Amino acid sequence: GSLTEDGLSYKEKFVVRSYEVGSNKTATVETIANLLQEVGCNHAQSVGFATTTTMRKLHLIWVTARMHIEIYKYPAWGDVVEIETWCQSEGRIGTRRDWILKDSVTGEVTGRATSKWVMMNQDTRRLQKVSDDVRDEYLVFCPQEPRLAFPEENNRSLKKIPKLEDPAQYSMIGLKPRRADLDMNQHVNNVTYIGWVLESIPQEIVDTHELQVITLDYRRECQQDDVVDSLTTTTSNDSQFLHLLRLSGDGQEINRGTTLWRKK
Amino acid sequence: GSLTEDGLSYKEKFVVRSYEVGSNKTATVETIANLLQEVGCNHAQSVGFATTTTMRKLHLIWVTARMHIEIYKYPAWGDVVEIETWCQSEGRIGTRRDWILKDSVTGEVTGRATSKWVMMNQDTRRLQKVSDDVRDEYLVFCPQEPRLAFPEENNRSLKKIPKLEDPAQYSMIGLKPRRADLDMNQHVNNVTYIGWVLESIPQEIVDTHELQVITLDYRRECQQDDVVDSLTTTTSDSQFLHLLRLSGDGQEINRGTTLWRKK
Ligand SMILES: C[C@@H]1CN(C(=O)c2cnsn2)[C@H](C)CO1
Ligand SMILES: C[C@@H]1CN(C(=O)c2cnsn2)[C@H](C)CO1
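Chains as they are written, first to last, in the authors' numbering: chain A, 75 to 123, 129 to 315, 332 to 359; chain B, 75 to 123, 129 to 315, 333 to 359.
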């Protein structure tokens, strides 16, 4: 865990653990997503923090609107992965955080991710634009010239996601979080939703295909004592799926997303 | 990390991660339990592996019968924790693996664990005594004179556990495993049962106390498409008796006990 020489970014190395890998003895997307949110956390600390002076006064926090992860090589059990991360202002809309995943050995890129964070009141739960007093407090910790994990003119990162229409092709019912799914402030961990989305995927897809891309929009949080239904429908070599999570009660939307898989 | 000088134990340092800690910003017992599994594997790697040359020719695997963990201080988010592990045969009654947890900075003991492993046929799931062929192959990687994280005669770690009787005081029902709960061979991993056991403890207890001790017997494996009920009754510091059982037929998978101190 260290800031680069210009200290506008942060690199960290992780060894992939026995309990972090799947049936292929390569890291699960959930382990990856956990490494991302861990390196993101160590970057905040390293620059003095990401609740600011003005944000703590006004009881506001960063929440995640969208995550987007693209993987080429899932690192093997006992392989070292290097993750460089950094953050940039979207002027008034909120902040973006980007990641690159590299093989420690070859130095070749095996993954990249981008997230969209927006400002929210802790107590009332109501979103709002970024006050310039807040912008100016973290602008001095970001590259000023743009630096995009997903630069391409037509990238799948900013692509608009439909609501799944009943009936769903596939579903996983009655999903609840346990204490291991809670973060340190007792909210459901953003990685759990990834896992809940993937529960509706048929085992045969997972067994024969590799997850290449996942886009996940975040609408409402799941509470400790809520219950989630996970709905999936094919939309397609490569397989694409449309995903919806909702409360099994009123059918209130909490998440929507798409995933893209290739044959092994 | 590395084998100690004598190559009869293994040590590893772990930095506690943001997503590995609970509401008081110290490691959960499940993170601890996962660190024990991880260092356990890195020890087997290091001495050349378990599944010995026979265990494979015979289709035999090591299976957890007992897990015993006692925590004095849960390491804080950002702290380094050194864990030393080592093995030792319990005659034809399987093998024992023990752990010591130290604070890196002070070298002070913050927790200790012991686990009972027994050989079964993976295809038939048939429990059997450890043969002499398997014995000679894996005694060279163990201390010969005994070395116990829990040496004290008639201690917590060997105390026979009763079956909870209905009605239970507390119950979390309908618990199912997701793919994150599967190890690399598609079996529910030994750490998930811990979480399932602890889910029946009242939140107010978790909020006012710290788990000092947990003992867990492993009767039968829960399968990907099984459903578990988690039952708890106060027996008392606070003490509880635990039963995990299949939602339908009511078949037992685990029993256990937990001891909690006030903060
Ligand atoms: C340089 C860092 C980046 N950062 C975050 O930690 C973050 C990213 N996700 S939401 N907010 C702050 C906005 C500023 O300090
Ligand atoms: C150093 C090795 C470790 N080991 C194991 O992997 C094991 C068995 N189940 S628990 N510990 C061998 C069987 C014995 O000695």
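Among the clues, some could well be false.
To be verified - List of simulated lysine-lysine pairs, DSS-like, C-alpha gap at most 25 Å: (1) A:85 x B:87; (2) B:99 x A:136; (3) B:99 x B:87; (4) B:87 x A:181; (5) B:99 x A:85; (6) A:87 x B:359.
As the list claims (entries may be wrong) - To list a few chain B residues with every Cβ distance to chain A over 12 Å, as calculated: (7) 79; (8) 86; (9) 97; (10) 107; (11) 116; (12) 118; (13) 137; (14) 168; (15) 197; (16) 210; (17) 227; (18) 241; (19) 254; (20) 273; (21) 344.
No lab work stands behind these hints: they were computed from the structure. Each residue gets a CB set at the ideal place from its N, CA and C atoms; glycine is no exception.
Taking the shortest Cβ-to-Cβ distance between residue 241 (chain B) and chain A, state whether it exceeds 12 Å. holds, 25 Å
Beyond 12 Å from chain A, beta-carbon-wise, is residue 79 (chain B)? holds, 23 Å
Could you let me know if the closest chain A CB is still more than 12 Å away from the CB of residue 86 (chain B)? Violated, because the least Cβ-Cβ distance between residue 86 (chain B) and chain A comes to about 10 Å, which does not exceed 12 Å.
Is the straight-line distance between the alpha-carbon of residue 85 (chain A) and that of residue 87 (chain B) 25 Å or less? holds, 20 Å
Between residue 99 (chain B) and residue 85 (chain A), is the straight-line Cα distance small enough, at 25 Å or below? Within the cut-off at roughly 24 Å; holds.
Confirm or reject the statement that residue 197 (chain B) sits farther than 12 Å, beta carbon to beta carbon, from all of chain A. Residue 197 (chain B) clear of chain A: closest Cβ-Cβ about 21 Å, beyond 12 Å.
For the pair we were handed, residue 99 (chain B) and residue 87 (chain B), check the Cα-Cα distance against 25 Å. OK: residue 99 (chain B) and residue 87 (chain B) at ~19 Å, within 25 Å.
Residue 137 (chain B) remote from chain A - nearest C-beta pair above 12 Å: holds, 23 Å
No chain A beta carbon within 12 Å of residue 227 (chain B)'s: holds, 25 Å
Interface-negative label, residue 254 (chain B) against chain A, beta-carbon threshold 12 Å: The assertion about residue 254 (chain B) is violated, with a minimum of 7 Å to chain A.
Starting from residue 99 (chain B), check that the Cα of residue 136 (chain A) is at most 25 Å away, please. holds, 23 Å
So residue 97 (chain B) supposedly isn't at the interface. Is its beta-carbon more than 12 Å from every beta-carbon in chain A? With a cut-off of 12 Å, residue 97 (chain B) comes too close to chain A, as the shortest Cβ separation is near 6 Å.
When each numbered hint is compared with the structure, violations occur for hints 6, 8, 9, 10, 11, 12, 19, 20.
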